[PDB]
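S.K.: Construct the complete structure from the given sequences, taking the supplied hints into account.
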Amino acid sequence: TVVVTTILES
Amino acid sequence: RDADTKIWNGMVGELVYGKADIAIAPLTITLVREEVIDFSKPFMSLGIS
Amino acid sequence: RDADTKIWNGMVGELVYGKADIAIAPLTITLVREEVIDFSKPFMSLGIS
Ligand SMILES: NS(=O)(=O)c1cc2c(cc1Cl)N[C@H]([C@H]1C[C@H]3C=C[C@@H]1C3)NS2(=O)=O
Numbered sequence: 415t416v417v418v419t420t421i422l423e424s
Numbered sequence: 474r475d476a477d478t479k480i481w482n483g484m485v486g487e488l489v490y491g492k493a494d495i496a497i498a499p500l501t502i503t504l505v506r507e508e509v510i511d512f513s514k515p516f517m518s519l520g521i522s
Numbered sequence: 474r475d476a477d478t479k480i481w482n483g484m485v486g487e488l489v490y491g492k493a494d495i496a497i498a499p500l501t502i503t504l505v506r507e508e509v510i511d512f513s514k515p516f517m518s519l520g521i522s
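As they're listed, the protein sequences go chains A, B and C.
Here the first sequence stands for residues 415 to 424, where the numbers follow the UniProt record's numbering.
Here the second sequence stands for residues 474 to 522, where the numbers follow the UniProt record's numbering.
Here the third sequence stands for residues 474 to 522, where the numbers follow the UniProt record's numbering.
A portion of the hints provided could be inaccurate.
Taking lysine to any residue and the SDA-like style, the derived pairs with C-alpha atoms no more than 25 angstroms apart in a straight line are [as the list claims (entries may be wrong)]:
no., chain 1, residue 1, chain 2, residue 2
1, C, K492, C, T478
2, B, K492, A, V418
3, B, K514, A, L422
4, B, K492, B, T503
5, B, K492, A, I421
6, B, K514, B, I502
7, B, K514, C, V489
8, C, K514, B, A496
9, C, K514, B, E508
The hints are simulated quantities; they were obtained by calculation from the structure and are not laboratory data.
M.R.: In structure tokens:
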């Protein structure tokens, strides 16, 4: 499936 | 991308080396990122304040 | 576009029908225009006033 990368930032 | 080894790292490095398919994240669209990955039109407006 | 005929009249129609190469123009990036012609990233930010 599609992998969503992201950063931990509010 | 750290020139030292011209290795893109972080969220860009997951996209260039294919371990992640998309980066829906607060990522600033800049010139050096255009050379290896393609952005959509920018969803959020921001400026230095 | 034309009224249920899809003949684009405007600066889009000079692009979509092979007449012009590029529109360096005040042209809104919208959804339907994206499907028929390409856009760059925006050079001006604005809204309905
Ligand atoms: N509300 S906001 O400031 O987050 C915001 C910011 C922007 C929006 C829409 C909203 Cl709601 N749309 C534009 C987009 C719509 C089309 C025109 C320019 C791009 C493609 N990007 S933007 O100018 O970055």
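S.K.: A separate judgement is required for each hint: does it hold in the structure or not?
M.R.: Now the hints, each set against the structure:
{"no.": "1", "hint": "C:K492 <-> C:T478", "in the structure": "holds, 19 angstroms"}
{"no.": "2", "hint": "B:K492 <-> A:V418", "in the structure": "holds, 10 angstroms"}
{"no.": "3", "hint": "B:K514 <-> A:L422", "in the structure": "holds, 22 angstroms"}
{"no.": "4", "hint": "B:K492 <-> B:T503", "in the structure": "holds, 22 angstroms"}
{"no.": "5", "hint": "B:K492 <-> A:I421", "in the structure": "holds, 15 angstroms"}
{"no.": "6", "hint": "B:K514 <-> B:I502", "in the structure": "holds, 9 angstroms"}
{"no.": "7", "hint": "B:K514 <-> C:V489", "in the structure": "holds, 21 angstroms"}
{"no.": "8", "hint": "C:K514 <-> B:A496", "in the structure": "holds, 18 angstroms"}
{"no.": "9", "hint": "C:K514 <-> B:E508", "in the structure": "holds, 15 angstroms"}
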